Structure formats: C-alpha cells, structure tokens
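Undergrad: Start from the sequences and build out the full structure, keeping to the hints where you can.
Below are the chains, spelled out letter by letter.
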Amino acid sequence: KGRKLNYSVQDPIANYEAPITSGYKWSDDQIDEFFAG
Amino acid sequence: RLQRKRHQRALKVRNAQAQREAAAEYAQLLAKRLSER
Amino acid sequence: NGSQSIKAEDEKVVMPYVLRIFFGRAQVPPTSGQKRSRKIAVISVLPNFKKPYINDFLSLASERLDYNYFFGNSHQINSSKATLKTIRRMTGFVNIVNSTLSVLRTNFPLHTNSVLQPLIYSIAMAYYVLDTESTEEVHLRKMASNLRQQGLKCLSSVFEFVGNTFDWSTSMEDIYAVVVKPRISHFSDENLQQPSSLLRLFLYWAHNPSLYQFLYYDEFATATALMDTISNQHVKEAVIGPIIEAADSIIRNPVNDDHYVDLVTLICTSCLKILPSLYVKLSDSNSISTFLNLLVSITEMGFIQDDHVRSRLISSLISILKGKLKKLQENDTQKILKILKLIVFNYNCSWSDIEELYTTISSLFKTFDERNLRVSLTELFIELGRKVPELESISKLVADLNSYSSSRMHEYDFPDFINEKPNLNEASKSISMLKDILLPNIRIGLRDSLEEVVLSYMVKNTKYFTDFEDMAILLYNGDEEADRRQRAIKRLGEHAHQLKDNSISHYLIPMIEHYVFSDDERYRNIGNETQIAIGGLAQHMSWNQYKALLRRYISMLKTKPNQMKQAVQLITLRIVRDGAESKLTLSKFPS
Amino acid sequence: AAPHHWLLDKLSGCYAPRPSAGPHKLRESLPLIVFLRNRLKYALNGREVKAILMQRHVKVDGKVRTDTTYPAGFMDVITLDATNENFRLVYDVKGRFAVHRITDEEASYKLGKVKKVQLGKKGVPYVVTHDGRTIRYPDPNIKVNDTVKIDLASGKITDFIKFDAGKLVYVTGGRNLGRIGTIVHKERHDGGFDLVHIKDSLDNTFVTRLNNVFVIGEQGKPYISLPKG
Amino acid sequence: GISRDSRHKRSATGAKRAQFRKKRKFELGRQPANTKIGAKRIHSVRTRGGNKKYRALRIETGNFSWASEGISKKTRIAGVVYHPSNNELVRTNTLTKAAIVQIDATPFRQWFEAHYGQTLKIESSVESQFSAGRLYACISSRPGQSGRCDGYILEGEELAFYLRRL
Amino acid sequence: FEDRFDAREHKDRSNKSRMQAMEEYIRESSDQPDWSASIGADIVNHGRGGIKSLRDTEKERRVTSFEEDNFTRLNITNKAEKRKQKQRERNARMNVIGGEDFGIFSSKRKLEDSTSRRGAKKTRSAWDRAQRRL
Amino acid sequence: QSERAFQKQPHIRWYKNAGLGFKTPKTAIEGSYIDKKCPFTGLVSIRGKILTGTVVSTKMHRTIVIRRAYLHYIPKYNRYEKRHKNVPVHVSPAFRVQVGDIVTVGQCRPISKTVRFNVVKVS
RNA sequence: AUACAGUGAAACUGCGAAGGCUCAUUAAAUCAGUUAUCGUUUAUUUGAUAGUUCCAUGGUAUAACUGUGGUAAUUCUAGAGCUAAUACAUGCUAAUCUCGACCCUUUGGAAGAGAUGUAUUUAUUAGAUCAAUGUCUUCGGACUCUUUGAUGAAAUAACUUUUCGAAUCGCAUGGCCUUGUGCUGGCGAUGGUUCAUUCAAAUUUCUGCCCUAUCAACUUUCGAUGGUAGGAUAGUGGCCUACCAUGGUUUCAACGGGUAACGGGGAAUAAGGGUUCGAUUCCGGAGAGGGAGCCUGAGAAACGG
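Chains as they are written, first to last, in the UniProt record's numbering: chain A, 460 to 496; chain B, 183 to 219; chain C, 908 to 1322, 1376 to 1413, 1420 to 1449, 1461 to 1548, 1558 to 1577; chain D, 13 to 241; chain E, 2 to 121, 151 to 196; chain F, 224 to 357; chain G, 8 to 19, 33 to 143.
Keep in mind that a hint or two might mislead.
Calculated cross-link-like contacts (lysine to any residue; reagent style SDA-like; alpha-carbon spacing at most 20 angstroms) [as the list claims (entries may be wrong)]: (1) D:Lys106 to F:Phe228; (2) F:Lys275 to F:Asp265; (3) D:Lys211 to D:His197; (4) D:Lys22 to F:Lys275; (5) E:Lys98 to G:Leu63.
Hints are computed from structural coordinates only; laboratory data are not their basis.
TA: This is the structure we're talking about:
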C-alpha cells in the first residue's frame, strides 16, 4: 500500500483550474423539488 | 548472355562437386578418429 | 508453391465426404484410362504422362495423409491407382537400360506403393473391397520376382503391404487365395535377416489367428503352414535375439505349444530352444522367462525325451531352483518343470520340492530332515534347493547346516564327481561369504567347518558369537599359520564381512590388523597366492575410494607391508602400474 | 601513448598506431608498421612501409594480408619473400616482443592454444584458437588449454600437445608474462590463481592463471626453436 | 515505458541524493503493447542494427499444441479468465504469455477423428470440451517480442492445476 | 589477491640512484678509459655556450646514434624545446663552469639515503650478516 | 508445493550438473522441488568465482545473507581492522541454514537486484 | 566510327566534414584496474560455412529533358509531353546419397528398400554396456567384482504473409566431335546464409590516500527487502506492474557534513641532484534560445532533422 493512495497535496494541479459561482443553472431548491422522490 | 548461362551453370555444378564432396571427405576423417578412439 | 499446396492440403478437409470424393474423382479423371486399362494393362505411357501419374500418386498420398481416416475412397481412384502402378511396372521393366527415366519411374513406383499402403493405413476396416482379387492378381503378376526383395532392415514397401494384408480380418482373402505367406516365409527364412525379421515373425504370429478363425479349409491348411513355418524358422528368432523383444518369441512358443504338437524331435528342439532362452541372455525378464519355461514344460507334457531332454530339463530346474524369482511364481513353474521332466531324479525332485513349497509352512524344515534321513541319490537339484535354502532365505538354518554336512557325507562316501560337486559348493560358498548376508554367511562358515572335517577349533571359534577373545584367538591362529589363494581369500573375506564398515563396534583396528595379517600370510605364499594378495590389495584400494576411507587407509598402509617384505627379499616385478597407483595416491594426497 | 610490449623508443612521435581489428586482441599484438618500420627497420616511414605492403612482400601465416595495422599477435610467422625472411615472434622475459628468426620447415606450421570445443550445429566437433582458426574435427580428448599444430598450407591440425602435469608451458599474461621453465609445482584451484608453476635459474616459484598460460612442448623437446643469449 | 537502470531507485543500503543524469539511448523502455484479438497486425520495430522485432497487437491464429502427442495446430482465440500478473488484464481481455485462454477446438476434433477414426483414454474434464468445443490452453510464445501466439493445451494435471485456482 | 602487469616494476629505471659523485668515483677507479673528444670538438657555439657537460655529450651521442640508426632528423617541436633547451642552457650557464657542472654541490639530496645503504641485502640478522661476510 | 499459479514446473523431474566439484543431493536430482534458480537443476549456469563465509540472517525465504570476514594486511595504522561483508543468496534443497553455518556460493546470472551467488555447499 | 565512343557548365551517384565552446560544484556511485556474459548487441578485421519442379528471357511508371506558367522570393513551385536501370516488382531453371539377396574372383556391384535445407516461434527424448596381460585353468569358456579402456549417463508434429539454390568480374581456346558456339571446360577475386574471433558498447564480481559519532540510525515518503508471473529489453535484473511475505544496512563504522573536489586521485611520462615547481587523461553532468514529443543509424535520446 506504499504508492497506493498517497493523500498528499501536489504542486502543479493546486491551481490548474478555477471554480464558478452560479454553476448549475438550476436552483438547489429545484434540486430538492426535483428529486424529492 | 547465353555464354554467361553456360558459365553460371558450370561454376554452380563445380561448386557443388567441390563443397558437398569435401564436407563428407572430412566427415570420413571424423569417422576414422571415432573408429580409432 | 509447395508450401502453398501444403496449406491447401491442411485446409482441404473442410468440405464433406461428397465433395472430397468429387475432388478425388476429378484427380482420378486426369489420366485414368479405364476404357483401356481396367481389363488387364495399359495401352501407352509417356515420360510426362508418367509424371502426371507420379503426381497423381503424390496427390493420392497427400489426400490420404490429409484425410487419413476416410480419404473419400472410390473404385475409380482404385482403378486409376492400379493403372498407374501397372504402367510404372511396365515402363520400368520394358524400357531399355538408360536408368534416368527408369529411376524416375521407379521412384514413381515406390511412391505409388507408399500411397497405396497409405489407403490401407487410413481406411483399413472401412471399405474392404470385394473385388480385391483384380488388384491382387495385378500386383502379384507385377511383383512375382519380389521373393527375397523385402528382406532388409528398411525394405518396407511390399513387406509393409504383406504386414497390412496379414493384420486384417477379411482382407486375408487375397492372402489365402494362392500365396502371401509363401513369399513372406521365403524372405523370412532367408539367412541374411536383419531386424525386420522380428516384425515379420510377429506379423505371422498375429496372422495365424485369423487363418485359424477362418472357416475356410484352405486357410486352415495355411494356418498349418504357419505352424510349419514356426517349426522351419527355428534359427531366425535364435540368431535375431539382440534386443529385449523376446516376448514375441515367448508369445509364439506358447502359441505353438498350445496349437500344434507335430513331432517329438520338434518338441525336443522347442524345449532345447527354451532352455537356451534361459541359457543365452541374462537380460530376460520375469514374465518372459516364466512363459518360456512354461512353454518348455508344455512341449515336455506332450512329446519329451527320456534321457537327453530329461537331463536338459533337470539342468533347467537346477538353474530355476537357484533362481526362484518373482515371489515363488518361478518356483512354482520350476516345480511343474521338475514334475514334468519324467525321470527318477525328477521324481525325487518333484517330491522334495512339493514337500517344501507348500505355501509358507513348516513342511520345509520337515522335508529337509525327511530327505536328510532318506537322502536321495540325485542330489543335484537337491543341493540346488538346499543351497537356495542355505542362502539368504531366512528359514532352515540348522537344516541348511545339516544339508551341507550331508552333502559332505555323500562327497566322502563317493571316494571324484561328488568332489567336483564340492568344488561347486566351495564356489558357491565364496560368493556367499563375499556378500552382505548374516545367516547365510554363518551357514557358509558352517560349510567351511564341515569341509574342514586346531583348524576346526579356529573355524568354530570364528563362528562363536564372542568376537573379543574369539578375534584374539583368530589373530593367534593367523600368527601360527604365518610362522592358499582362494582359501585365505575366503577367510579374509569372512573376516572383512564381520568387520565390513560396522562402525558401531570397537577393536576395528585389531580387526583390520587381522585382515592384513591374513593378507600377509597369504602374500608369503608367493608361488601360488601372490595373485590373490594382489587382488585383495586391489579390492582394498577400490574400497579406499568407494564412499568410506578411514579403515581402508590403514588397510592400504598395512597391505604395503607385503610390498616392503617383497622388496626386502628382492634386495622382477611390475613397476608401471605401481607407479601409476603412486600417482593416484598423490592425487588423493591433494584432496 | 604506447604499450610496453612493442619495444618502442620514446623519441618517435605523438600519435601511436592503433592496430586494426584482426585475429588477436589489441593488447596482445603488434601491427606491421611498428614491426617493419621501427623495430627491425625495413622502412623509414609510413609511406614506404605502405609502399612495400602494396608490393606485397609480407606473408604472415602463409597469406599476404597487405595492411599497415594488421595485428600480428603471438607466434604468427612473419614471412618476407626477399632474403627468405622467416620470423617467429614470441615473448621475452621482460614483456616485449622478441622476434626470433627461424627457418622454412619451422615456419611451415604454427601452434595454437585451444579455447573451447563445441557441439555447435549439425554434429560437428569444433575448435578455436587465439587467431580463431575454426578447423574441423579434432579428437574427443581436446580439453581446454591444449595445443594444436596448424598446417599453414591448408588449415588442419597436424599434431596435438596434451595439457597435463609435466608439460612445457609458455605464460603470456599477468606478472609472469613471458617465462619458461614450467616445473616446480602444479596447482589447479577452483576459479583463480590456478596454473602449473614455472622455475627460474635457482628454480623459484610463480603464480598465474589458466588462460594466461599455454603449452609449447615437452621437458627438453619443444619442436619450436627458441632464441638464446 | 521509461527506463532500465538502478540510478532512479534505491539499493539494498538506502541511499539518497540521486540527481544523476540525462537518460541514455540504451535505457530504452518501449510502450507496453497489450496484445488483443482483432485482425492480425504486427508492428515491425527496429533495434540493435537490423534486429527487427515483431510487436503483435491483434493476433488470432494461435498455434496451440496437443500435449500428449505434441500436435501444434491452428485455431482462434476467445478470452483469458485468470492471469494475476494483472487482475485487470483479464477484465480487459488482452493476450499475453502464460495466459490461460479459451479455444474452439474444432481442428483438434478433426485430427482426432482423422488419426483415430471414431469420435468422442483421454481425461473426462477435457472430454467435455472434446464434446462441447471450447478447451483451455495456455500461451507460450511472446507476441510482444516474437510477434507470435503459440501455446500448449490443458490436459488433465495442468487442467485441474488451473481449475482449482479459478 | 591477484597479479597485475606492472611495467613500472619491470622497467629499467637506473636514474633515481644515479649520482654524479658516485659516478665520478667510478670513473676514477674504473681502470678502463673513457672516450673523451679531441679537445676543441666539444665546445659548442664558439664559446658562447659552455664546453658541454658529460651528461650533455652522453645525450648528444645517444641522439646521433638514434639519428643514424633510423635515418631521421629530430625537430624544433615547440613545447618541448621551449621547456628543455632554454631551461637546460640557462642552468648550463648557471652551474657548468669550464665543462664541469657544480650544480650538485648547491643541491640538497642525500647520497646514502637513496643510492647507498643497500635495501635488498639489508642483512637484518646477525646470522645473515655473518653469512654475508663469510 | 504449489502456492502460485502459471504452471509451477521445471522449464526444460529434470536434472543437470554444473560440475566443478559441487555435489547434487539426491532429492535435488529426483525430487518434487522445482529448482527454478537453484543451480543444480535450475535454469542458470555456473561461472566466475566462489566465496565462503558464515551467515547473519535467513529471515525471508530464498534470502541467505552470508557474512564474510577476511584478513587484509593493513599498512596504515599497522593493525588489522576486521573485515565484514554481506551478500543475499537464493535457497537450495540441501540445508536449512541457521546462524553460524559456514557455506560457500558461486557466481551466476543476477537473480534479484543484488544476488549473483547461489549456495552449492554446506559443511 | 550514320545505335555508344574525347573536352565537359548543371543534375543523380560513391564518400567528405570521422569529433569543438561555456556553465552549476559529484567523495571508490565521477574514475582506474579486474571477474563474468551457455546474462547480451555488433558494420568493419580474421578463420570457417547451402540439395522439395502434372496440362532463348518477364510489366508500366517516374526522372534528367522539352514545353506552358505562377510568385517579391528561396535547394518555393504547378500542370502537359516523352524516356532508361544491378531503381520498382512479377517471374524461364541435370539427376547424385546409404543399406547392399545375388556376386566371380577381380575391370565386382546389378535388383530391391530407405534419401534429400535454411530463417522465425512451440514438445518427447538419442543426447547401461563390451575388449584382455588375470578370478578356475578342466592349457577349452558364463567372464566384470577385482587389473587396466571405450559409445556413453539434433531425431521428429507445426506456424511465419520466409530468404535463397549467382542476370558480378578477371586470367586462361585449352579439351573434346553428340557435325555445330553440340558439351565449352580449368582456376581465382566479388557475391551469398550461418558460426566463431576481433573491434566497441552495456551490465556485473571485487580492489584503490581527507577529517569525520555534535551524522546512531537509515531504509518502506520514484519498491524499502525478497518471492511468483507477465510487460519492456540487446539481454540478466522490482527495470515497471498484479499478488504475497516484513524485510535489508549499521559501533567489524550505515547513512549523512566541506573545501587549498581552478584541486585531487598513480591518470601517466619521467628528467644523471629541482626532493610534494618539474609530463598528461578526467574536475561533476549538461547545452546547441527554453523545457516536451518523434526520426535516422554497427554506434546517438545527433553540434549536422
């Protein structure tokens, strides 16, 4: 289990991308009233 | 062209009658060494 | 294109038997000529037309080898094959001696015979064509002159065809029509027979059963002629016994003894050959030797002799009683041979054998004392059975001592032949003493004491189970005998057996000292026992390297003393092997 | 830039002649330019030794082999046609190439240490030597480090010298390189310092390897002639 | 592939401060060509002079050997069920050396019926495949180096030797 | 361990121990003559150089022997000449007075350490020195 | 004696001999042990040199860690500081080597990253 | 010299350049010797080394070259038309080898049976005996246990898109009468498959001068230590990956600390008096603007893509 699942932090991917604020065009209330069931 | 066809065939059969006879001619000397050993 | 056609042959089986027979029929329709050559023979043939025929035979060989079970065989292919074979024979035996196209058509004919034998190699018990006699008479009229042609170590065209024809059920109709076994037996009784003679003998031995199960009286007389060939080929399986395939001889001789009893001289020759089957080669196995002795007994149960084969069977039992191999199976067959040998010596032998071999009972020790009190005058097989019981067969120890003493009593009551019998007793006791036995070594020592009937006290004190004062008196007796080649070799062999790598006992230094003292007392006898001293030093030198070298080193050092006394006496010999053994000792020094 | 074996004077030049590839190795041979030009001095420079090589006077091992840097190693008999020059060159006692002069019946052959015997292909016994003469069919009792005698007209082995205790051996390699006398001792170890040991004037002792030694004859009778002083 | 050198890794003593060298030509690790089933395509790569190397990727015509008589005959490939040099290799169904792959054994049927006559002495758990058609057989040849798919059939001892495993 | 071919130990050195005082005493007690030149023939540049030293005329004799022996003139090879000819002639006009070099008397180098007081025949036993005398 | 897949067998029960003064035990000639890298049956061939010493640890299987102390004539501080060496070695079916046990090994064909030696003798 | 014939711009060709500067500081891991590779590559050097043939010579497609042109422009170009090969690629080819039923005795083999390769990758096996100078001589023999030697502990069933069985030349008209080049017929260089050697490279055994315990732990944190199999390899190899075991080095100096590591280690020549100046190979690895990927070759992660 040596090289298997190193839970470390890696240098070039720490800022490889950037997030997005709104993201999903739905609402989270639309998620809840989408899969209530 | 045809004189080359004479000479090619003659050198080929002479090469056979030299090599394939000399090979057995020292294989019989191996047979003499094996009989004397 | 040879590799391409080999690929086409390796993939030329995917279609059914109808399409395979259709492709074979198209191959047959190249140069068949069934309108011209299905009657007797061909009309005409050419070099390139025989090359189409040689290619047709090669394509038949390739097709049979590809489909080597069914082959899509047809009578059109058979007629084309017979036409090609007859045209090859006709062209080869009718063309003039120029040998180029003749050897081409001859290697066409041998390959066509090989392709013909391939058809019976592939589809033997499938077709069994009822119009066989057409091709049979064609090939017979072709190869009439092949009488002794197939007699070699590798001649297997017509010999393999004859073996195929003889190893069938109903395809022996062409065999029993006129002759197959006649020419086969001519080349079999040829005197320059190589090791295909055993193959032909096994083929006729297997083929006599089809000729016996055949209801035809012609095949019954042919089976009689096969038995007559087994009687007229009484030198082939004798002279060709160079391998361990003697089970074919033992399987024919049992078959012959179970089948045909035709002459008393034939039965005597069979018994003398099966006596040579145990007195010719020592590499005969248990089942083969048992069946050979049982076949000799089966010929003797029919037509034995009264003096000559009586003594031959008595010598057979005198060897088989010293053998007694394979957990008393050979002993039971030897008892049957002694009860079938039909003499007064054989009657006493069967009595004294059945009275001891009664399935692991006390009747052995009963019968030893019985024949001791009622000592028989045959005594040869009696000494054999009482020396096998004196050997390493655990029971009858005192009975073995009484048997040796009674043999000595008979050898003294003779007062010549029974002294030569005592020479055989001593030559048996020598190999008994040079062995790893325990009871039989003591029995051989008791036999040495009975032959000795100071020295007798020495022998009985060497066999005294005390070994300290006993070995001291043995050393003193060697000193008195110092102050005999085989005799001192036997005494030193018994001493070396009692001190033979038994390193769980003390005084091994004095034991090896007594061995070397007896060796020195034999080496003083230079006119007789110098050779025995050289042999004893040689056996001790072999033991100096054979896996144990502690006491054998002191044995070498103390057997050097004979050389020291001899060189002091000389003050001619063989320096060469002595110096080479000195070099071997110097090589053992660099160990 | 030179080795020690060539007997090469230092006041010669800057670039030393690398021998080309050939029978022997680089480290155990001298080329023809350092042979003819500056040892027995049949030339004065590379131009005229190439000139006499184009003229083809040299007949080393019975063949011409016109080349400047042809690596003549141990006992290749250099043969020169004019003034019937027959030269067998061996090792002296201090590491150089002593080139002895011999005669025609001695230059009609050479000898060679056998390196390995092989069942190579198609049932053919096989033998190699330091010039690599793959000659057919010797007897089965050719061990390693024995000595064949080459024919030098054809290639066949004519005589054979068995390697055993009590044979006259020549040592080419290590700190014993070029000694003769072959008897004080025999010692075959199991992987190193394994040999037959060689005497001296006071019969001193010496250690070498198996592959660094090879036999030349018997105790008093080598059929090679040897130089003296 | 990458490499063949001890310089990138630690020895039996535990050393550090490697930072060694630009890697040479003779540390050449080529890419692992996982040979599969497809249409027969062998890449002819070069190394060490004219040392052509056959890198097989989609080979089919396996020459698999009847064991008790040694009859190497031609057949197809189905799939490897067990090969724990990589337990995902059998999930992805590639074809490497020493793998146990399944074969439609119809030419072995043809050879048995051709050199024995009848159809079906041989073991029963391979007689079941004599009847059905798919027999287990293990690859001997190297398609990643020699480019070929040769193999040997499973007959009895080696059969149970793998069937008890998986 | 094992042997390794060493030309530096079977090479003729003979120069670590060649001292001019010992060599001069040997030339004195030699009892065979010395091959000296006709007297003017050994001065060099009309007297602009020295006479020439004994080592210089030995080296000159060696160079002319090699010269005639393989038919080649030696050269004006720049690095070796800028070392050896200029440094040699400057220490020649320093230390060679009238054909005799007096450089050695101005030089620390122990005689008995290297060139005398034998090392192989060291005789480190009373018995070995007794047998070396008798 | 089969704890792994992929037809554990000799590779052409099987038996050979390297020669050169090293015995082959009778179970290693005819026995059920596979001898994959034990040189008596093996796949490897022998060459090189042969080294001898006692052991330190035989903890893992197919790892024989020899020790080898040897004399060296030190001229620096004119006293002999004592040598020590280590070498891993594959097993043989002739001796379960425990602590002590001076044994010897022959050079052949690198098996792991650091082993070129395999046991040929125990005494 | 009416199919070639000397000069020869520009084009194909054979080869040439066949080993040159700067920058950051590696402690037997850079280096030197040595052991080995039946653990492996190899152009060139050298020695050796080929037997499957059914009813008078094989095909278009490109140059150079002409011709029409484009573009500011290149060792940038495109159409059209021809034309040659040691370029491409399909294909023409006598009978000899052993065992010898028979021998007519020497001029001895006629019949029959068995033959016939390489290159690639798969399995079974050939890879215990007999001869005397002697056991007993019964002056005959079963003889190996003794006394010594010997054969001896590639033959075959298949794949592969398989290479070949001379379209090279020179010297020598030479022998034969198959009635015309009817057979030519003798030798040598270049070929040509394969092996070994040599060359070189890669690994690998061991040996080799700083002070170092205020460096006492390191190694599993580029597998640590080994086993089994596969991949990749020129092959050996945890070199890489699956699974498994928890190993391995060390106070008999692990591992770690730096420079007069622009200095040192023989790395080597030594000099007829300079005693650590005084000959050289190498400081470590890189780099062709910067990292990355690919290609060529007997040899390369090319000073020239």
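Undergrad: Work down the list of hints and note, for each, if the structure agrees.
TA: Quick rundown of the hints versus the structure:
no.: 1; hint: D:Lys106 to F:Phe228; verdict: holds, 11 angstroms
no.: 2; hint: F:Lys275 to F:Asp265; verdict: holds, 6 angstroms
no.: 3; hint: D:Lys211 to D:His197; verdict: holds, 9 angstroms
no.: 4; hint: D:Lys22 to F:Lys275; verdict: violated, 24 angstroms
no.: 5; hint: E:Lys98 to G:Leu63; verdict: holds, 19 angstroms
Against the hints set out earlier in the document, a violation occurs for number 4 only.
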